[PDB]
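Just the one chain here, the form deposited in one PDB entry, laid out as structure tokens.
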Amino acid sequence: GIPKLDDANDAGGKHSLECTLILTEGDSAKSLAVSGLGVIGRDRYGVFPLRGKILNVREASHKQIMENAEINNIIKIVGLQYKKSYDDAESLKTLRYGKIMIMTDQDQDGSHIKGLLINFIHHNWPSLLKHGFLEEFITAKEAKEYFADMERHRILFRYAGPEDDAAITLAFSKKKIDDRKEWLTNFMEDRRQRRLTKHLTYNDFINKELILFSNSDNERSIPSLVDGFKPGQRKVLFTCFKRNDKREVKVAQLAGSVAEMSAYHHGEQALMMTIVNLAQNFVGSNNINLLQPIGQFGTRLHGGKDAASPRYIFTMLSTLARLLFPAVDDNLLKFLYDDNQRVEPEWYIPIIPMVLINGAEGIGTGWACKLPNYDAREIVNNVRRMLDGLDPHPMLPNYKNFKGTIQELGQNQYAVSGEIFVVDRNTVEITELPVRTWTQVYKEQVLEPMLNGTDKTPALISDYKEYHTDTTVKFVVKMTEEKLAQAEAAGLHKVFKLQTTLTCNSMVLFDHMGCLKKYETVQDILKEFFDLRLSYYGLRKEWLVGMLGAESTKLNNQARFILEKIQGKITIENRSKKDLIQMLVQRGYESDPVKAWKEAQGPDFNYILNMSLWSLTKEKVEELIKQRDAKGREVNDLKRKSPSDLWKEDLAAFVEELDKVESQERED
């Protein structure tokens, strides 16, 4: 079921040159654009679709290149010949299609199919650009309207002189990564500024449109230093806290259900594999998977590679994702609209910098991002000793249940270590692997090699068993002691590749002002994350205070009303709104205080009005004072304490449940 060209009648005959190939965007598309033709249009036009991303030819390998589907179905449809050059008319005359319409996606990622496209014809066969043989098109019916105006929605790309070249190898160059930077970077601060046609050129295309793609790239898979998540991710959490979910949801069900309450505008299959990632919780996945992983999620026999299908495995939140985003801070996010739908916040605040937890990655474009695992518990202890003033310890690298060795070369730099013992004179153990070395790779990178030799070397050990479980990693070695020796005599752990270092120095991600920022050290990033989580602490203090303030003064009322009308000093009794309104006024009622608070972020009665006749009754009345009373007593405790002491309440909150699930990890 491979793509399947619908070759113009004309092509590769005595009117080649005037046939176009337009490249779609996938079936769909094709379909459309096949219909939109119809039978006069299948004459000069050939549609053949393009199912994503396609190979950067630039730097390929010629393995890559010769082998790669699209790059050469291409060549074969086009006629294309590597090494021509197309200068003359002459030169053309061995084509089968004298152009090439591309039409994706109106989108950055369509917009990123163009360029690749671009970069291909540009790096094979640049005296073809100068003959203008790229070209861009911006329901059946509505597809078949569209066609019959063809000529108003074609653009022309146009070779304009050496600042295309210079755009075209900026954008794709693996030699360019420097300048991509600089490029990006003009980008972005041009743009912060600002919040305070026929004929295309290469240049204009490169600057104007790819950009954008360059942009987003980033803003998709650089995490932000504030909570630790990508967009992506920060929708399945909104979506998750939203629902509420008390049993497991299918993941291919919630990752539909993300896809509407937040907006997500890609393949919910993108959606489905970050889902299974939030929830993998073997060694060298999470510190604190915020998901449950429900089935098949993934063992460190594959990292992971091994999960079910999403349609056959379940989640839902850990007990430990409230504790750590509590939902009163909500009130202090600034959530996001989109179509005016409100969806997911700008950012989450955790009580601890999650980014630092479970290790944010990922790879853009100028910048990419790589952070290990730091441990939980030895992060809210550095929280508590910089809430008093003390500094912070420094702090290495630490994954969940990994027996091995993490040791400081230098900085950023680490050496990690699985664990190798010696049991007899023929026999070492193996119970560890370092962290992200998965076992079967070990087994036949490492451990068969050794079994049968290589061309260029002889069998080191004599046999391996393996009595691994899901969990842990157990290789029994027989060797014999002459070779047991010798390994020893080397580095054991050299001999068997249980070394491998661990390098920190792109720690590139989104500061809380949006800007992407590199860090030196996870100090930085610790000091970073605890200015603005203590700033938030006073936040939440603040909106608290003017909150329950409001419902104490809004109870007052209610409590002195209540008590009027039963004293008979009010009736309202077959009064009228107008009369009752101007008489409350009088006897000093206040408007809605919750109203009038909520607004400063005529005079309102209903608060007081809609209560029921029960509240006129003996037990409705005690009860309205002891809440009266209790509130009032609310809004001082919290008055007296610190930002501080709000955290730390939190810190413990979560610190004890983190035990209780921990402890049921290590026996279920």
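Residue numbers count along the first chain shown, from 1. Definition used throughout: the rigid core is the maximal C-alpha set that superposes within 1.5 Å between two forms. Compared with the form deposited in another entry:
The Cα shift for residue 554 between these two forms, taken after rigid core superposition, is 2 angstroms or larger.
Once the rigid core is overlaid between these two forms, residue 588 counts among the residues whose Cα shifts by 2 Å or more.
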Contents of the next structure:
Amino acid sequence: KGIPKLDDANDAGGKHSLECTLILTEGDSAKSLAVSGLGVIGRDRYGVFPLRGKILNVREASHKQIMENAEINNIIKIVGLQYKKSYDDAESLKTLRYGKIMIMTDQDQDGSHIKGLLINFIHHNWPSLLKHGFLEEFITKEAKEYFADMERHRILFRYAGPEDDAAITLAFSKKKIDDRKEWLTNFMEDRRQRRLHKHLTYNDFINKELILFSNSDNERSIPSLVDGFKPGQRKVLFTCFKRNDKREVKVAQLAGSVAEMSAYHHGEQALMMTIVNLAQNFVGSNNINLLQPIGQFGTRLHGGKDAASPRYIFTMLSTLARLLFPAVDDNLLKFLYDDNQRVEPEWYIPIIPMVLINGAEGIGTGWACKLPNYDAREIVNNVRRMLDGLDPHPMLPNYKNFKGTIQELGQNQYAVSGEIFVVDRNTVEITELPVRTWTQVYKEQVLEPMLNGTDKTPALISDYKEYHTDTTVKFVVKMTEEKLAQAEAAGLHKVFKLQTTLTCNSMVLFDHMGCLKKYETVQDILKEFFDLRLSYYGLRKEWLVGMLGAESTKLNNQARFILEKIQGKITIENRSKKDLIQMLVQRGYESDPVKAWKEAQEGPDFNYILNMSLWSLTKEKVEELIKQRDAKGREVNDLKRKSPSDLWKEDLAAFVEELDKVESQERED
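Form deposited in one PDB entry already given; the form deposited in another entry follows:
Next comes a single chain, given without company.
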């Protein structure tokens, strides 16, 4: 009583309390479906309360965050549970307003994660209730049909023994991370083997059901080594490539298009945030943003948190996008299917390892991935050295427009330093902040405590002024001569918090086979990317030789028919379709060689000839068609004398050319 989103069972709290079931639903929308499904009679023995999504994991969570969590407090007040209270006996259960909790979620993996978080919540606080069969689930005007069928949709969770304890702990305990790695490692291996060849116990729920979320969590959160993308990001670029927008599109509108075209199965709000992240160009985000930030996508001041609503902002492809992901290689990719609809590919195959450029980052279950940004030109140069058979030079992380320094301290560990300089004996100037330190955060958490002091720290500076621009940082700080001499003695970057450590010891990617792998150096990422991209330039040459040759044979037959027609060697006039096709066969014309070639990759068709306009017989069109035919034959031969390496070099040169123009234009604006 007093909880606005709760519809309380009429008998809750009275003599029938333990015969009452509380339905916890995923979202308010599921509560309404459950409310209408219960009808009038269901209000006596059933309550309904909505969940806001993922529940707090209370196992290792701090006491402050637990007691301040409103959703869990609501559940506790609704059910009437008491912390630290043992439910072992029958007299103790008279404390409860509800005898059973029924979790009702989507039938998908994220629903399974909420089930497990609720199971985890009860298992941690009152293990004794689960041995009574406290928890059950509901599986799915269509709702009224479910609740009349209720026993068929009702599954009861059973606690069979200590294997149920270990399973819950395996999933939700901070101390089990390494066990989750093994747990999921053994899971992915068995699927590779299988792919190439009522009551529910908590152990079964966790190992047969929740693990599907845990694996799906990694697949959505951990990028591919090949293109550097997660599937949601890859869906975005696939949609933009297919749309080929010449003008800016509202982010919210592009997101809805992505869901339709790529079969994105999650909430669009998440897609909109991904699109925003793909377009951000501020210092510390994307070395090359593949989407253009037209409107306010956020700045280094707030670290992108100041981005405006996706309803007010627009985007389109960067001109660099199709240069890094050439459209011709789409013919080599493997495009996935979602229920008979062809969708985004397994991965794109960019011309450089984009996974290094923009700093792929993500958090899964059992594993996370963090890579810093690397310099596009430096990577191009290493690809060129490798094409010559030379070893690649080592690479330090490099952030576009970052004015500070990044120094290797050790393997995969770096010091990132901003800029500070003594101006006079009273004055220092801060012209850069370490990568991912945001201007407003630095002001509030560093300079303000330095100016005002805190309860635990003395004042240091006597004043500061802010000269920043939208992309740049300038602080001018005043200090007494004494304080500045002390600051120099301890070192200026240290005192002013301008140095941060960058450690990347989890570089975890899916390889080109879709296998999760840990990479110890970026050189190993570069090498694995290089061997794959080189063979795909081989595949591209094979594809171009075939398609260009088919196009050549096509133009040859078209030109031959036109010449024989204008010379009177052949007439189609007033001839039946059958007679014309038969005659074209007897004279040796080929069925459409492009359609034939395109179908070979997986009656005679002369339409490519007979669909030609009557203009084709005129003088200037005859001459134009002969030129096109001869041009295509020269095109075939020009391609055949290029190696895969030459083709790669052409793409690299064209990309660098545009990268210089684009980044030069950026500094102008």
